[PDB]
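Asker: These are the residues of each chain, in order.
2 protein chains.
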Amino acid sequence: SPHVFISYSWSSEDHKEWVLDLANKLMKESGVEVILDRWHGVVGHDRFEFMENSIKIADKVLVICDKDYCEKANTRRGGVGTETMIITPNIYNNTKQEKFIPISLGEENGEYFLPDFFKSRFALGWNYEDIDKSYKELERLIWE
Amino acid sequence: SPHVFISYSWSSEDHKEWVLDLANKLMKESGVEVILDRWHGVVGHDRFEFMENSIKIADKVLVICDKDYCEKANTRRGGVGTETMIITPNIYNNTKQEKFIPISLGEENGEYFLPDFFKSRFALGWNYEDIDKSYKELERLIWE
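If you read the sequences in order, they're chains P and A.
Using our numbering, the first residue of the first sequence is number 1, and each one after it goes up by one.
Using our numbering, the first residue of the second sequence is number 1, and each one after it goes up by one.
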């Protein structure tokens with residue numbers, strides 16, 4: 001099975017629910033073993049360590065790039081500090097590049113959200129009007 | 001400006017013309033420096049070494065993945081002929097991964113053509129019904 005860690009920001013309760021629904025769906029319908037912070041009982045100050053360690057054991061890393069994740073990633077408001085949950089340039093540059101599957105949420109005109117330090121600009125443009133098509137491509141990016 | 005090498009096979013005269021048109025368009029409309037075999041006068045059995053040298057100086061590498069390219073890549077892998085400009089497992093694995101911009105041609109149902117040894121499964125699904133959208137995204141993958 002693909003081991004898939006999901007990197008995401010707790011932008012809101014609805015967004016946490018969208019990520020949780022995606023994790024449950026990947027586990028149920030796609031035979032993927034999702035590494036999710038909510039399913040490991042990760043306390044606030046253990047978040048950076050959990051993200052760091054999870055990326056090394058995961059086969060794929062979903063980068064949930066909504067607007068809040070991308071400008072938190074680009075600015076790094078105080079820098080790393082255990083709280084973090086957002087991939088840093090250092091983590092990105094010490095990870096095999098093929099693991100990352102950026103998913104852009106809420107962009108317009110195909111200007112997919114993606115942190116500036118991602119050298120490859122590919123991202124799965126999530127189609128809210130065609131979920132099944134976007135989910136199919138996510139399965140291909142994970143499995144194939 | 002980005003130096004963009006185009007990896008493609010001479011599958012047919014129409015396909016060579018499609019790649020030639022794309023190369024001309026990228027230079028004219030997107031201000032990129034395209035490294036094209038026909039513009040350097042690379043004759044058939046010199047093409048593979050030309051691909052190797054060009055990928056080292058190129059900023060991006062477009063992988064024109066139609067059916068013929070992907071089946072020869074999947075079947076022959078590192079054993080592709082000296083006359084070919086088809087990426088091998090060694091070339092993919094020994095090149096900075098962000099260079100590669102695979103373009104899937106002629107795939108159906110979102111089952112994008114891509115050699116199986118490409119560790120990252122991302123590819124630009126070329127939309128023959130919305131070229132401007134596909135060219136917009138190709139420009140972004142090259143520039144951004």
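The hints are simulated quantities; they were obtained by calculation from the structure and are not laboratory data.
Be careful, since some hints might not be right.
The list treats identical chains as one, so a pair stands whether inside a single copy or across any two.
Result set (DSBU-like, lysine-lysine): computed pairs, CA atoms no more than 30 Å apart in a straight line [stated by the list, open to error]:
1. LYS28 / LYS119
2. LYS96 / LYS25
3. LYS136 / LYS67
4. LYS136 / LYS99
5. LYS72 / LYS136
6. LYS133 / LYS99
Asker: Determine for every hint whether it applies to the structure shown.
Answerer: Evaluated hints:
1. In the homo-oligomer, the alpha carbons of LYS28 and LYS119 lie at most 30 Å apart only across protomers (25 Å), although the nearest pairing inside one protomer, at 32 Å, exceeds that limit.
2. Taking identical chains as interchangeable, the C-alpha atoms of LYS96 and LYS25 lie at most 30 Å apart only when both belong to the same chain, with a minimum of 26 Å there against 33 Å between chains.
3. Taking identical chains as interchangeable, the C-alpha atoms of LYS136 and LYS67 lie at most 30 Å apart whether they share a chain (23 Å) or sit on different chains (21 Å).
4. For the identical chains of this complex, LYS136 and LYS99 are neighbours both inside a copy (18 Å) and across copies (25 Å), given an alpha-carbon limit of 30 Å.
5. Both within a single protomer and between protomers do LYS72 and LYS136 lie at most 30 Å apart by alpha-carbon distance, with minima of 28 Å and 26 Å respectively.
6. In this assembly of identical chains, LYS133 and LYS99 lie within 30 Å of each other by CA distance both inside one copy and across copies; the values are 21 Å within and 27 Å between.
The structure is consistent with each of the numbered hints, conforming to all of them.
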